Each structure stands twice: as structure tokens, then as C-alpha cells.
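Q: Next come the chains, spelled out residue by residue.
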Amino acid sequence: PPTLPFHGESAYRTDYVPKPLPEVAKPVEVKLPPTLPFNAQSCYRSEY
Amino acid sequence: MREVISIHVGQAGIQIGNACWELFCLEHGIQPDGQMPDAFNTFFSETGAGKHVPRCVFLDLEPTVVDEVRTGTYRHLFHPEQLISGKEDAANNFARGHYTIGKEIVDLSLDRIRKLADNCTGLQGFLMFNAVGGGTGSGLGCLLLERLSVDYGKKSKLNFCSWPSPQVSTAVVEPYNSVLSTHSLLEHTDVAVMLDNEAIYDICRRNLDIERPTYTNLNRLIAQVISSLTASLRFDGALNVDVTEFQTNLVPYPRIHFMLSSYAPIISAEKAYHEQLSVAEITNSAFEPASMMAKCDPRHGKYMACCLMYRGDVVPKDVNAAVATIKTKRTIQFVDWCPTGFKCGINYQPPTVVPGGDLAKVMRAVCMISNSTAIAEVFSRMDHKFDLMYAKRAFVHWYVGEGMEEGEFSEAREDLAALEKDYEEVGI
Ligand SMILES: Nc1nc2c(ncn2[C@@H]2O[C@H](COP(=O)(O)OP(=O)(O)OP(=O)(O)O)[C@@H](O)[C@H]2O)c(=O)[nH]1
Ligand SMILES: [Mg+2]
Numbered sequence: 004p005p006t007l008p009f010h011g012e013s014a015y016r017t018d019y020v021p022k023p024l025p026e027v028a029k030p031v032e033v034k035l036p037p038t039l040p041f042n043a044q045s046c047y048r049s050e051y
Numbered sequence: 009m010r011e012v013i014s015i016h017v018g019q020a021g022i023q024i025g026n027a028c029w030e031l032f033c034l035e036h037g038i039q040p041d042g043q044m045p046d047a048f049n050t051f052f053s054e055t056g057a058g059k060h061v062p063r064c065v066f067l068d069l070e071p072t073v074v075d076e077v078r079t080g081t082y083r084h085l086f087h088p089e090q091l092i093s094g095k096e097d098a099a100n101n102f103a104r105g106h107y108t109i110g111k112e113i114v115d116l117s118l119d120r121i122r123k124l125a126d127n128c129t130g131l132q133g134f135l136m137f138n139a140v141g142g143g144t145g146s147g148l149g150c151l152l153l154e155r156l157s158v159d160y161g162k163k164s165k166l167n168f169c170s171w172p173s174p175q176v177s178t179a180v181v182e183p184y185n186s187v188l189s190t191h192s193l194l195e196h197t198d199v200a201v202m203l204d205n206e207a208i209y210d211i212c213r214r215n216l217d218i219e220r221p222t223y224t225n226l227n228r229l230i231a232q233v234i235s236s237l238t239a240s241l242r243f244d245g246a247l248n249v250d251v252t253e254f255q256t257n258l259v260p261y262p263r264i265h266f267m268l269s270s271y272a273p274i275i276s277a278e279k280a281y282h283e284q285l286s287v288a289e290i291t292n293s294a295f296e297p298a299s300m301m302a303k304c305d306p307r308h309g310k311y312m313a314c315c316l317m318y319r320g321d322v323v324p325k326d327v328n329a330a331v332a333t334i335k336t337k338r339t340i341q342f343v344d345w346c347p348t349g350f351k352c353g354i355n356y357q358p359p360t361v362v363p364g365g366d367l368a369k370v371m372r373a374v375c376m377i378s379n380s381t382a383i384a385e386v387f388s389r390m391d392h393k394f395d396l397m398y399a400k401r402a403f404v405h406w407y408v409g410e411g412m413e414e415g416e417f418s419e420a421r422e423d424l425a426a427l428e429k430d431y432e433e434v435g436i
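Taken in order, these protein sequences are the chains called Y and S.
Positions 4 to 51 (this note's numbering) are the ones given, in order, by the first sequence.
Positions 9 to 436 (this note's numbering) are the ones given, in order, by the second sequence.
A portion of the hints provided could be inaccurate.
[As the list claims (entries may be wrong)] In the SDA-like style, the derived pairs of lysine to any residue whose C-alpha atoms are separated by at most 20 Å in a straight line are: (1) S:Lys369 x Y:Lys29; (2) S:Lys369 x Y:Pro23; (3) Y:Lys22 x S:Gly37; (4) Y:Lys22 x S:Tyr356; (5) S:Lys310 x S:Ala298; (6) S:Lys111 x S:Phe350; (7) Y:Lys22 x S:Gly365; (8) Y:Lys22 x S:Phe243; (9) S:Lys351 x S:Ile340; (10) Y:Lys22 x S:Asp321; (11) Y:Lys22 x S:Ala277; (12) S:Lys123 x S:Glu154; (13) Y:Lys22 x S:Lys162; (14) S:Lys162 x S:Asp126; (15) Y:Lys29 x S:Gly245; (16) Y:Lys22 x S:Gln39; (17) S:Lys59 x S:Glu96; (18) S:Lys369 x S:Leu34; (19) Y:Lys29 x S:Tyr356; (20) S:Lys279 x S:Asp217.
[What the hints assert, rightly or not] According to the in silico footprint, chain Y covers these stretches of chain S (three or more CB under 8 Å from chain Y): (21) 218-230; (22) 358-371.
Quick caveat, the hints were computed from the structure, so don't treat them as lab data.
The beta-carbon is built from N, C-alpha and C at its ideal position, and this holds for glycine as well.
Take the sequences, apply the hints, and build the full model.
A: Set out below in C-alpha cells:
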């Protein structure tokens, strides 16, 4: 008589394989608004 | 520094601990031999050339299911002292496991838990997994919690049991093992979660469509509860819920620490990519009164606190709407001394596919652990069975022979009876 060869693979042996790592490369590139150039052009030079 | 020590006692504890320790190991990516080809620190040490070793203590008195661990594929990942065995089993006999054959393996277990806790820069909690209804899970496990409470105090002892199911039990003497193990689960346990087997059968046969599930498939969904419960321990998210956060928002009074589980994005291929699984859909199915993992229907109970742990690409405002629509539903009722009754956690790491498994790719998940007065029926169900069997003293000659008097039975029914009494006085 033959031996029924043991096929069997547990939960811990089956149901996860090493996943590919998540592809993350994205910073928050913020274009700076340039400082709005200032003429609240003062009193002395403004009127006299 | 975040570090949870798992202690798996009993044959069932070894098997559910198997399916757990692969959402711990190679979800972190480590190979079967123990090499990644520091998020692993939640469950693993590190021994030089990339060897991370599980922070587990395997306990059994029969050396046949732990010997499968020593001979399986994963024999070189476990250290060959973390798989502690015995010479002879406990045989559904609470008094053998606690008084006679327990006091030769407990001294080895406390050594390995010592060497695995002095390798700790701050231990979050002992996640001990057992099976109430057997001999070494109800016996040795009860003695383990009593010894761990005296020595290792003030840090949590989250216990997920395998409480005997109402009809299906595959034993006859399990009421004696359940009622007399209630003492450890009521005093020497910080968080207890009832988790039977029929409800996992029902989830597998209704959502997951596997009409013939085996214990290996039951260990699947138990493991997915554990990974989502410690998800914020290891991975970032919008809100984190560690094991100290968990017990402080779900335990109203110190004696009441019993909860229910549900992890219901349970989908499988044909029922997976057809259904849009949004945050509202998975939250409604989590609160649904058939996916509770205890046969513990809460439609006749009062909710007390909930611990919805969203996991994946979940947006916090979608969590906010999902909580709101549960509150407006009338059959989901809450006790009156709790206007805020949810502890929402969000993980960023998505749940993991299973090759050869039962689930599939899902981008989001929920795992809510909820305390309710509905959990008073899982103990009153077994009050009927203990009362019938102890009437004419069946099976008592076993339990009395090796070292407990018959008054242990009466005081444990008294401990059970004072137990359900505290639920209806809290609910009313
Ligand atoms: N989740 C799960 N439960 C199991 C498994 N095997 C048995 N059980 C449950 O365990 C209960 C019987 O208790 P056991 O776990 O076999 O008892 P034990 O912890 O091995 O202790 P002993 O009886 O001394 O061998 C049954 O009612 C089953 O519902 C399993 O592989 N997975
Ligand atoms: Mg056993």
C-alpha cells in the first residue's frame, strides 16, 4: 500500500507573501508668492 | 519602544497564534528564515544580521501541535526555547491544568516571559490568546494570569479568549472549564474579548462564501482583528489607539471589561470588486447585528463604548459621517450616561491580500471592539449548562481527584452569578 503524501500548508504558511513596498516620493512643493513690493509711500516724499 | 508580548496557550492558541504571527512577520516583510530582503519592534527583537525573532511564548502540555511548529516551514524563525511544551496534556480538566500538571511548565514560561520582558524598553501589554473550554487553555492559562498579575503588575493583560460556543462545542465537560476559568477572566484580566467559533463560521459562510471552513480559516479572521488592533502601534495614521488608549475608553467600571469583535470588510473575489467599499459601507456592516464575533446579537443590548479602528486610505471626515449615521439609527441604542461613545482610530497602512487565502485586496477596514450589556448573555447561556450538569454531580470525580474541593464549583458559579448581576444594574 502507498502512503498518501501529506499535502498541507497552514494559515501561517499560506496566506501572505512579501508585498512590494509602497512607492512614496512626493513632498509639498509650494511656490512662494513673491513679497508684494511696498509703496505705502511715506509722508515727507509723498506730499512735499 | 512599543512592544507587545504574545502568550499563546492551548492548542487553539497555538493555531490562532500561527495566523497572527504572519500579519506580524512578513507583513513587516521578514522572510521565513528571518531576514528582511523600525516598525518590526512592535513584535520583534533584532539579533545582528537582520534577524528579527517573534516576541511570543508558545505554551501547550501536549507536544504535538507545538511540534508541528518545530517541524514546519517556520522552524528557524522561532527561537528553540519560545515553543515550550510538555510531556502529557490536560484533557479538558481545569484542575489538572491549574493544580497538578501546570506547576512544571509554568516555571519555564515565566522564565521566557522574563527574558522577553527585560529585553523591553517599555512593555505595552501582554496579548495572551487562549481557548476557554479546554484543559491547558483554561487551566495553565488561568495559573499563568495569576502569576503574571502578582509579578508583572500595572501593565495591561489584553486577553482574547475562545469562549465555548452555545450549541457547537465539540466537548461535553466544557461548562466546568468555562465557569471555573471565569475567575481569572474577571479579576486577573484587564481587557477580555469574547470570541467564539460559531460566529466565525457564520461570517465565513455568509460574507466570505466558504461554506466549508476549517479552523485554519477561523484563525484568519481572528488574526485580522489582531493586526488591526495593533495597527496604530507600528504604523502612522491620523489618530493612534495604543493598548493604553484601548482600555481607558472601553472599560467604564473596573470589573466590567468584556467586549465583542467585528472586522467586516469581509469580501472575497466575486464579492470584492463589484461592491464599492466606502467608509459608510464598512461601518454599517461592522455594527450589523450578525457580524458580531460571539453570537452575541446587540439588538437586545445597550451599547456602551465602541472602538472603530479604521485602517487604510480612510479620510477622517468620512469617519465623522459614518459615526453620525450609526448614532441616528434607532436599533443601535446606547446607554444614557455616554453621549460620546466612539473611539475612532485611523491607520494609513492598507489591509493585506491573502494568496491562497480567503479575503482579497481591500483599501480600507474597520475593527470595532465594543462593550455592551448584550455580552451578559454569553455567560447566562452557560449558566444553564453548568446548573444541569452539576445537579447530580456528573464529571466531578475527575475534577476533585487531583486537588480541588467541590466548593470551587459553587464559588465559581457564584462568581458567574455576581457577574451577570453587575451588567443589568449597570444597564438599568
Ligand atoms: N479558533 C480556533 N479554535 C479552536 C481550534 N481548535 C479547537 N478550538 C476550540 O477549542 C475548543 C476546545 O478546547 P481546546 O483548545 O482544544 O483545549 P486546549 O486549549 O487544547 O487544552 P486541552 O483540552 O488540554 O488540550 C473547541 O470548542 C474549539 O471550538 C482552532 O484551531 N482554532
Ligand atoms: Mg490543550
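Q: Determine for every hint whether it applies to the structure shown.
A: To see whether the hints hold, each was checked on the structure:
no. : hint                : in the structure
1   : S:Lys369 x Y:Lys29  : violated, 24 Å
2   : S:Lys369 x Y:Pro23  : holds, 14 Å
3   : Y:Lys22 x S:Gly37   : holds, 7 Å
4   : Y:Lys22 x S:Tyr356  : holds, 16 Å
5   : S:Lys310 x S:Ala298 : holds, 16 Å
6   : S:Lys111 x S:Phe350 : violated, 42 Å
7   : Y:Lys22 x S:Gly365  : holds, 15 Å
8   : Y:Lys22 x S:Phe243  : holds, 16 Å
9   : S:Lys351 x S:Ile340 : holds, 16 Å
10  : Y:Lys22 x S:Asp321  : holds, 17 Å
11  : Y:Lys22 x S:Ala277  : holds, 19 Å
12  : S:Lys123 x S:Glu154 : holds, 19 Å
13  : Y:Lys22 x S:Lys162  : violated, 38 Å
14  : S:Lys162 x S:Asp126 : holds, 16 Å
15  : Y:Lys29 x S:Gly245  : holds, 17 Å
16  : Y:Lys22 x S:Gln39   : holds, 11 Å
17  : S:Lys59 x S:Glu96   : violated, 33 Å
18  : S:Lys369 x S:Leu34  : holds, 16 Å
19  : Y:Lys29 x S:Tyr356  : holds, 16 Å
20  : S:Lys279 x S:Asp217 : holds, 9 Å
21  : 218-230             : holds (count 4)
22  : 358-371             : holds (count 7)
Hints 1, 6, 13 and 17, counting from the list given before, are not met by this structure.
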